[PDB]
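Given chain L, work out where chains A, B, a, b, c and H with the ligands should sit, using these hints.
Listed here are the chains, written in short residue letters.
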Amino acid sequence: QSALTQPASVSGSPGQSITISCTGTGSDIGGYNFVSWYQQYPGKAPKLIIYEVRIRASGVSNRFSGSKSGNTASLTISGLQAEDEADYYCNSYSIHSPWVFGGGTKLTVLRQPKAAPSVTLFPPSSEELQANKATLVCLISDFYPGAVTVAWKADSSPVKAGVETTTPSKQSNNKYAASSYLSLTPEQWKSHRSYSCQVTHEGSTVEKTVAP
Amino acid sequence: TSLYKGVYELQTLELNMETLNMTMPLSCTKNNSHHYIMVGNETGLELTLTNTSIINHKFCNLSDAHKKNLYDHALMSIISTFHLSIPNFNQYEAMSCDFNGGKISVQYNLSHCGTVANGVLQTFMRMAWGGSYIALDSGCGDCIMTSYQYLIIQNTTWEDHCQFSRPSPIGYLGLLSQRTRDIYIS
Amino acid sequence: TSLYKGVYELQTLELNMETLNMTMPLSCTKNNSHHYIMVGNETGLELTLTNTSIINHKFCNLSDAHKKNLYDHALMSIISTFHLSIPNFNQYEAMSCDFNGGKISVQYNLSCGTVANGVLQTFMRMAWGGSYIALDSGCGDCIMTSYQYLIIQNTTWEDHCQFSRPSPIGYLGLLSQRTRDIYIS
Amino acid sequence: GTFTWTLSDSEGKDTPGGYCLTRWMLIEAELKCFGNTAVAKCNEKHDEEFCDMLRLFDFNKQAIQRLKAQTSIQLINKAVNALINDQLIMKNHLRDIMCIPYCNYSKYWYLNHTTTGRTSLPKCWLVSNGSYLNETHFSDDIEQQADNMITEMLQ
Amino acid sequence: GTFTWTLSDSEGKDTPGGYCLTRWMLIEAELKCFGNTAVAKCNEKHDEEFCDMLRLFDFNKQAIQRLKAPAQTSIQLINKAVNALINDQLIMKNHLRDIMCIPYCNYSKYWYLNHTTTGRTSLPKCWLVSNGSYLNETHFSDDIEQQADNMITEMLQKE
Amino acid sequence: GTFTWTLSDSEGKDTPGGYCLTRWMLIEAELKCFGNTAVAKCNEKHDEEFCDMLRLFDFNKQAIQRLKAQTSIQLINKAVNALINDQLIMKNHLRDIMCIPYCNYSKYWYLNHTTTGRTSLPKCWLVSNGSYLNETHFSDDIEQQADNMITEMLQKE
Amino acid sequence: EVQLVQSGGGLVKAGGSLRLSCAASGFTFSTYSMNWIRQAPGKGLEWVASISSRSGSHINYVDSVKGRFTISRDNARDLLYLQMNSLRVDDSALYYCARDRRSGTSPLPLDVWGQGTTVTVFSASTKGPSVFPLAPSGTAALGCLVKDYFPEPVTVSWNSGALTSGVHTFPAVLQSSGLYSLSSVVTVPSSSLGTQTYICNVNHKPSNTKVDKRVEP
Ligand SMILES: *[C@@H]1O[C@H](CO)[C@@H](O[C@@H]2O[C@H](CO)[C@@H](O[C@@H]3O[C@H](CO)[C@@H](O)[C@H](O[C@H]4O[C@H](CO)[C@@H](O)[C@H](O)[C@@H]4O)[C@@H]3O)[C@H](O)[C@H]2NC(C)=O)[C@H](O)[C@H]1NC(C)=O
Ligand SMILES: *[C@@H]1O[C@H](CO)[C@@H](O[C@@H]2O[C@H](CO)[C@@H](O[C@@H]3O[C@H](CO)[C@@H](O)[C@H](O[C@H]4O[C@H](CO)[C@@H](O)[C@H](O)[C@@H]4O)[C@@H]3O)[C@H](O)[C@H]2NC(C)=O)[C@H](O)[C@H]1NC(C)=O
Ligand SMILES: *[C@@H]1O[C@H](CO)[C@@H](O[C@@H]2O[C@H](CO)[C@@H](O[C@@H]3O[C@H](CO)[C@@H](O)[C@H](O)[C@@H]3O)[C@H](O)[C@H]2NC(C)=O)[C@H](O)[C@H]1NC(C)=O
Ligand SMILES: *[C@@H]1O[C@H](CO[C@@H]2O[C@@H](C)[C@@H](O)[C@@H](O)[C@@H]2O)[C@@H](O[C@@H]2O[C@H](CO)[C@@H](O)[C@H](O)[C@H]2NC(C)=O)[C@H](O)[C@H]1NC(C)=O
Ligand SMILES: *[C@@H]1O[C@H](CO)[C@@H](O[C@@H]2O[C@H](CO)[C@@H](O)[C@H](O)[C@H]2NC(C)=O)[C@H](O)[C@H]1NC(C)=O
Ligand SMILES: *[C@@H]1O[C@H](CO)[C@@H](O[C@@H]2O[C@H](CO)[C@@H](O)[C@H](O)[C@H]2NC(C)=O)[C@H](O)[C@H]1NC(C)=O
Ligand SMILES: *[C@@H]1O[C@H](CO)[C@@H](O[C@@H]2O[C@H](CO)[C@@H](O)[C@H](O)[C@H]2NC(C)=O)[C@H](O)[C@H]1NC(C)=O
Ligand SMILES: *[C@@H]1O[C@H](CO)[C@@H](O[C@@H]2O[C@H](CO)[C@@H](O)[C@H](O)[C@H]2NC(C)=O)[C@H](O)[C@H]1NC(C)=O
Ligand SMILES: *[C@@H]1O[C@H](CO)[C@@H](O[C@@H]2O[C@H](CO)[C@@H](O)[C@H](O)[C@H]2NC(C)=O)[C@H](O)[C@H]1NC(C)=O
Ligand SMILES: *[C@@H]1O[C@H](CO)[C@@H](O[C@@H]2O[C@H](CO)[C@@H](O)[C@H](O)[C@H]2NC(C)=O)[C@H](O)[C@H]1NC(C)=O
Ligand SMILES: *[C@@H]1O[C@H](CO)[C@@H](O[C@@H]2O[C@H](CO)[C@@H](O)[C@H](O)[C@H]2NC(C)=O)[C@H](O)[C@H]1NC(C)=O
Ligand SMILES: *[C@@H]1O[C@H](CO)[C@@H](O[C@@H]2O[C@H](CO)[C@@H](O)[C@H](O)[C@H]2NC(C)=O)[C@H](O)[C@H]1NC(C)=O
Ligand SMILES: *[C@@H]1O[C@H](CO)[C@@H](O)[C@H](O)[C@H]1NC(C)=O
Ligand SMILES: *[C@@H]1O[C@H](CO)[C@@H](O)[C@H](O)[C@H]1NC(C)=O
Ligand SMILES: *[C@@H]1O[C@H](CO)[C@@H](O)[C@H](O)[C@H]1NC(C)=O
Ligand SMILES: *[C@@H]1O[C@H](CO)[C@@H](O)[C@H](O)[C@H]1NC(C)=O
Ligand SMILES: *[C@@H]1O[C@H](CO)[C@@H](O)[C@H](O)[C@H]1NC(C)=O
Ligand SMILES: *[C@@H]1O[C@H](CO)[C@@H](O)[C@H](O)[C@H]1NC(C)=O
Ligand SMILES: *[C@@H]1O[C@H](CO)[C@@H](O)[C@H](O)[C@H]1NC(C)=O
Ligand SMILES: *[C@@H]1O[C@H](CO)[C@@H](O)[C@H](O)[C@H]1NC(C)=O
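From first to last, the protein sequence lines are chains L, A, B, a, b, c and H. Here the first sequence is numbered in PDB author numbering, starting from 2 and rising by one per residue. Letter by letter, the second sequence follows residues 59 to 170, 180 to 208, 211 to 255 in PDB author numbering. Letter by letter, the third sequence follows residues 59 to 169, 180 to 208, 211 to 255 in PDB author numbering. Letter by letter, the fourth sequence follows residues 260 to 328, 331 to 416 in PDB author numbering. Here the fifth sequence is numbered in PDB author numbering, starting from 260 and rising by one per residue. Letter by letter, the sixth sequence follows residues 260 to 328, 331 to 418 in PDB author numbering. Letter by letter, the seventh sequence follows residues 2 to 138, 145 to 224 in PDB author numbering.
There may be inaccurate statements among the hints.
[Claimed, not checked] Listed below are several chain b residues computed to face chain B (Cβ distance under 8 Å; list not exhaustive):
1. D273
2. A288
3. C292
4. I323
5. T332
6. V341
7. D347
8. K368
9. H374
10. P383
Hint data in this document are derived by calculation from the structure and do not stem from the laboratory. Backbone N, C-alpha and C define an ideal beta-carbon position, used for all residues, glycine too.
Next comes chain L alone, as it looks inside the complex:
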């Protein structure tokens, strides 16, 4: 019932080689050699690139290669080109359903130096608290490539309920930005020492903290 574990994003300079992971269990990838890979441009339907783990579809460049080892399938792209920047999904036969798809991977053909995000965490405004509401706004901007993951913690304790996050959107300066919100009650806001917004971008993480 769960999905197939794919990396959120992979990046590479033009001409370089990159690989996209796709991990499952013996019930799906380990049990069949029917792993397929799809390339989806924005606003377009998925295009089949590789099927049956290794076989390329008609017209697909030989730069694309598919492999499998145990419970993990890998899509490798050599000689990275700008046209390759897209979203990549893997799918496989399953004991429980005809197909099971992966979360998806945003491949970015780097055209700028990697930019770390600029995190700014706002506490609930006084006007919102007098209305008996509380919302923490975490605004992440000026990062490249366009993929981040936010995590909210209060007094070093993970908070997952009441969290909503945007998908990164391109800025005016070709960098990316996203927003995460933590909705609370005025009691919850005052009942803690500190609230933190923790943004992970390309392995490295940035944290900002605010207090009432």
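Relative to chain L, chains A, B, a, b, c and H with the ligands alone:
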């Protein structure tokens, strides 16, 4: 249970090959190490993969064994089909045997892609058709490799050995065609 | 551009066998004297008909060559298929070999019913395309050629197939008639 | 060449042609009989694995009933190519080598009409990595066999 | 026995069954596709030479796609599979014809009939050759005539 | 594989493909001719013994007319499988071993029309312990052949 | 060119029903099994339903969809259907139809896909937004929080369009309540906080709402 077009029910059957024991041999596997070929309800042959050896001399007195006609002719026929079905067998040293008193026992030294261990494992893969992949570790790839160092073939008595795979004649019947199909000049 | 029944136009196609090089051998011929077998895009074999010999010793140290596992296993499997496919091979003195260092090289000393007929019949089958050019035979269990030796040597791949296109049909045919005609040893 | 062995008919049958598998030929199952219309395809086609098994089971039955010997391996060594398609099991060997679902000759599936009782010729239940395929992975194979059953039932 | 290899279908085809030869499988030509109605005869007949070649080309295609390439071109695979792809006695037939001065098939060129408007084609028969030169259309005209009649009968069998 | 040899036909004949056995191919009989509709089954079926003999007799004729040589055994050693079904003669060997009336490839029976002259494909006359079977012991085989003859003559019209 | 032409998306109230069509073009539709795959806004692909070739005797669904969606096919008109009932908000996504073949001998992957059709399930009526100031505390960031509004379109400017340097308006998040929320920030020098005044102009035309908010430290 499972209906197609509302009138055709999907049904199955599984064949019990054990009843073919009196006419043809039957291959099967017990665990990763041990595999068997059964001739009738009494005699048989045990293909075992072990890091432990059983023969240390590097001679195979086949002519002597033929003259002293003690061994079971059936087991000798299937041990010949195996050795002939090996492709590109060029290291006769690994082939060591002991047929003293009709007790047939053959050892292949795999320690000696393209090596002699591939051809012996390719023929072993075919022979015990059911459940050979368990011992191979190979997957899909021609080139076959194993941790084990020796393939020992011994005569044995019939028991309830076929635990991982059911008995089948399909393995043996296939090697018969590809018998002398790949042998070098002597 | 020739129409049959007013609607059916006669069309043709010619297969390019060179793309099968990674799966099966491919026989072809350069001129009357030189013929080849190609295994992949690097190694191969050279079948030559020459009045000039290349081996003068009449020994074939096959057991030594097997023990020193240097030669290409694919190439020797073609040498075995060839020699086994010879019918009524009764004079081992003509077959002389040299496998020193993996370099495989086999020579058949030629001279109806003689040993030369059986070696040329197998040669006629092996290089299926363009074997008739060297045979001078025509149509008739008896093939006669002016050349005195058939020398098979290992070689590297080049654009050799000039007279006939490469094809695996030659090799594939000898596989069935491998040990079908051999005397008792 | 190809297989020339014809399946022998028993005495208590209503139509000359059909073949039956006793309860001792099938594991954890009672006896199953197959009609003349299905087994007739065994003589025409060369590609059916279940037909190869019927000819093996029949040969074993005929050889026990009519001869006395367990060095009976000399007999099957002569008769193998007259009962089975050697290249058919080589095909399964090629499929196993190429990570493709193959037939290990144990389990078979067929369609059985609810009221007619008529059945298709049992096709081999494929297996990949030590586990038979789900019905979901060859359902379009079953759909095609059900279509052939209807066109045969009309004739 | 006889050949059991079934030709694999590509993903984008409209009818399941047809087979196509790429521009790299054919010399001095673009890609050519043959309908299911023609290729279906490859599973029935035992005598067609062009069918034996399709199974060779498909086996080579499948072996490259699905098997990690060997270091130095192992030949063991084709030695196992040969009889499951080709008819050995078919090429022995052509070896008998060449020996008897009869025009034989050297498995290179093939001829077929293509309907000018519908586009359907017969199964390519082998273009025979005698003494290093293919036969003229004039010397097997009545073989082409018979094929048109079978084409007519096959086209009427659809209606 | 299976037999690929096609039966060549002589120059002076009414229909292409129809085969004839000369008086020297039969014993104590004149020449007999079989129509195209009958011998056409030889290319379809793998089971018929009389067809494997025609391919042997034709190959004999062709090898004599076109080649010159007795050690021609090397030629039949190559072309045996392209002519005859090896497993068909192994079938009759199994039947002989199992006391079943087998085919020893000598005598053949066929049906022949009173007025049309069209004949069935000769099926092998079986033998059990050195004596051919009576018509009474394979009577239901001739009945089935006559039904196939009727269904074939109807497809002509 | 083999293709599939979809139709029949649109807007539907939560709990309502919708019907999805997928028409085959240029291939023998009857011999292929048909699949439905949905893709949430800015999320991954998720298989939904399957139906076998010829008679749709073999049908599969996702557990989170069972008893609510119904796949069907009409081989006569070369059509594939998806009947959605008791539609949840989660079901709103981009829906694709794809062909494959579930065969043991000659299987086929999801080779041919449709162009895709959008399904949007809404739950909350028209509501005006509440603007709150994101106060700043040597570049400092400040902005506006536009909260609990419907429907989706909202435009934010700063100082009535005079300020465009550093401004970025983020996309909206659909909260659990079924109402959108967005923010818009501007980066400015810390010294300018005391001198210059910053006002954001939030406009929500479907509610006839226009709010101007001044942000102070
Ligand atoms: C074709 O492939 C299938 C699937 O890979 C394969 O099926 C397997 O067969 C074996 C052997 O029959 C099964 O193992 C059995 O498992 C049950 C329960 O798990 C056990 O109770 C059985 O044990 C009995 O038999 C033993 C040996 O006779 C006795 O020693 C023991 O005391 C018991 O009496 C037995 O181990 C296995 O479950 C299936 N697998 C599946 C998925 O069904 C089949 O063998 C293959 N065919 C060939 C010819 O290789
Ligand atoms: C089946 O029989 C036919 C007819 O006998 C036979 O066809 C012949 O094939 C050869 C080899 O391809 C052809 O020779 C070519 O001739 C052209 C000019 O006509 C030349 O340009 C070619 O030379 C090029 O190739 C060299 C080597 O590859 C390259 O180095 C270079 O680029 C040269 O330009 C080539 O020699 C010959 O013309 C045909 N004959 C006919 C009548 O068509 C075919 O080979 C046989 N098939 C098999 C499998 O044996
Ligand atoms: C080897 O194969 C033989 C024959 O294929 C197996 O023997 C067979 O076993 C079955 C079941 O025990 C016998 O069936 C029995 O029939 C009698 C009546 O004839 C009935 O009373 C019993 O209840 C049972 O149904 C069958 O006759 C017998 N056949 C022969 C020829 O002996 C044998 O079990 C196999 N052995 C092994 C080790 O696999
Ligand atoms: C897909 O099949 C598995 C296993 O199928 C079993 O083996 C087949 C060859 C056939 O004989 C089936 O009838 C068998 O059930 C199913 O998983 C099994 O489910 C049953 C019932 O829930 C359970 O008792 C078994 O333990 C399960 N086995 C395993 C290995 O998990 C699975 O449900 C099938 N998938 C679908 C969608 O039907
Ligand atoms: C597979 O089964 C065989 C037989 O049950 C096991 O072999 C036994 O191993 C023990 C320990 O080495 C010996 O004492 C016995 O004599 C062996 N029995 C025979 C018949 O040889 C073997 O260990 C098992 N292997 C695995 C991996 O389970
Ligand atoms: C195979 O035969 C050889 C020769 O008969 C045997 O070798 C002899 O063994 C005896 C006893 O160990 C020695 O005294 C001789 O010196 C050996 N001779 C040679 C030439 O080695 C050998 O033991 C036999 N092997 C088997 C397994 O029977
Ligand atoms: C048999 O022996 C081989 C070789 O000693 C063992 O394989 C080794 O296993 C260790 C531990 O995983 C590795 O570090 C070595 O690299 C392996 N060597 C080789 C050559 O592969 C093998 O595990 C042994 N098998 C058993 C059952 O004991
Ligand atoms: C050997 O065969 C391979 C594959 O059949 C040939 O390589 C192909 O060449 C074409 C044209 O350049 C490419 O489009 C294909 O992608 C290649 N395929 C592979 C798998 O590499 C190769 O040209 C042949 N070599 C020779 C010497 O004939
Ligand atoms: C066939 O071609 C080969 C190779 O091109 C010719 O062999 C060459 O002959 C010359 C002159 O004797 C030598 O110098 C070269 O070394 C030879 N090359 C090789 C590779 O052996 C041969 O002469 C040609 N024969 C005919 C009849 O044209
Ligand atoms: C190779 O040598 C043979 C024999 O020496 C040559 O064949 C001879 O050719 C001459 C001139 O045509 C004839 O007079 C002889 O009768 C032939 N002898 C035989 C035994 O046939 C042959 O021509 C030589 N070939 C080459 C390429 O040098
Ligand atoms: C097809 O199905 C029918 C019914 O499901 C099977 O007939 C049953 O056979 C068993 C054992 O032979 C009897 O106990 C039942 O009473 C029968 N039921 C009916 C309704 O007749 C039949 O055997 C199946 N066919 C095959 C080939 O399995
Ligand atoms: C079928 O029967 C007809 C007539 O009984 C046979 O035709 C006769 O053949 C003999 C010898 O060849 C001729 O002398 C007669 O003139 C023929 N009669 C007629 C009416 O044609 C015919 O040979 C038989 N078929 C076979 C295969 O023996
Ligand atoms: C087969 O499946 C088992 C269990 O799912 C797994 O451990 C094993 O690695 C698989 N083997 C192959 C070759 O896929
Ligand atoms: C094996 O079969 C023989 C002959 O049928 C019989 O005498 C013997 O007891 C059997 N042995 C076993 C263990 O069943
Ligand atoms: C097998 O070969 C290895 C390496 O050649 C050697 O070390 C070992 O002693 C041999 N074992 C036997 C039993 O010959
Ligand atoms: C092998 O056969 C011999 C002679 O029949 C016998 O003494 C020996 O015990 C047998 N081996 C086994 C393991 O049964
Ligand atoms: C032969 O093929 C190999 C592998 O595809 C390649 O590395 C090599 O460059 C090729 N050589 C030639 C001469 O084409
Ligand atoms: C080949 O044989 C001939 C005649 O028997 C002889 O004169 C010649 O020396 C031989 N050549 C070689 C290389 O053995
Ligand atoms: C034959 O092989 C050997 C060893 O690989 C090599 O040294 C030699 O050059 C080869 N011969 C030719 C003609 O390439
Ligand atoms: C038949 O002719 C048409 C039109 O000329 C062409 O498009 C098609 O490719 C031809 N068929 C083949 C198999 O070449």
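(Q) Does the closest beta carbon of chain B sit nearer than 8 Å to the beta carbon of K368 (chain b)? (A) Holds, about 5 Å.
Q. Minimum Cβ distance from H374 (chain b) to chain B below 8 Å?
A. holds (6 Å)
Q. Hint check: is the beta carbon of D273 (chain b) less than 8 Å from a beta carbon of chain B?
A. Hint violated; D273 (chain b) Cβ to chain B Cβ min 21 Å, cut 8 Å.
Q: Using 8 Å as the Cβ threshold, decide whether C292 (chain b) counts as touching chain B.
A: With Cβ-Cβ at 11 Å, over 8 Å, it is violated.
Q.
Holds or violated: the hint that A288 (chain b) contacts chain B, with Cβ atoms closer than 8 Å.
A. holds (6 Å)
Q. Can we keep the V341 (chain b) interface hint, with Cβ of chain B closer than 8 Å?
A. holds (5 Å)
Q. Taking 8 Å as the limit, does the beta-carbon of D347 (chain b) come near enough to a beta-carbon in chain B?
A. holds (4 Å)
Q) Going by Cβ atoms only, is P383 (chain b) closer than 8 Å to chain B? A) With a minimum Cβ separation of about 6 Å from chain B (threshold 8 Å), the hint on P383 (chain b) holds.
Q) Was the hint right that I323 (chain b) lines chain B, CB cutoff 8 Å? A) holds (6 Å)
Q | Given hint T332 (chain b) near chain B, where the shortest CB pair must fall under 8 Å | A | Nearest chain B Cβ about 4 Å off; hint holds.
Taken one by one, the earlier hints fail for this structure at numbers 1, 3, listed in ascending order.
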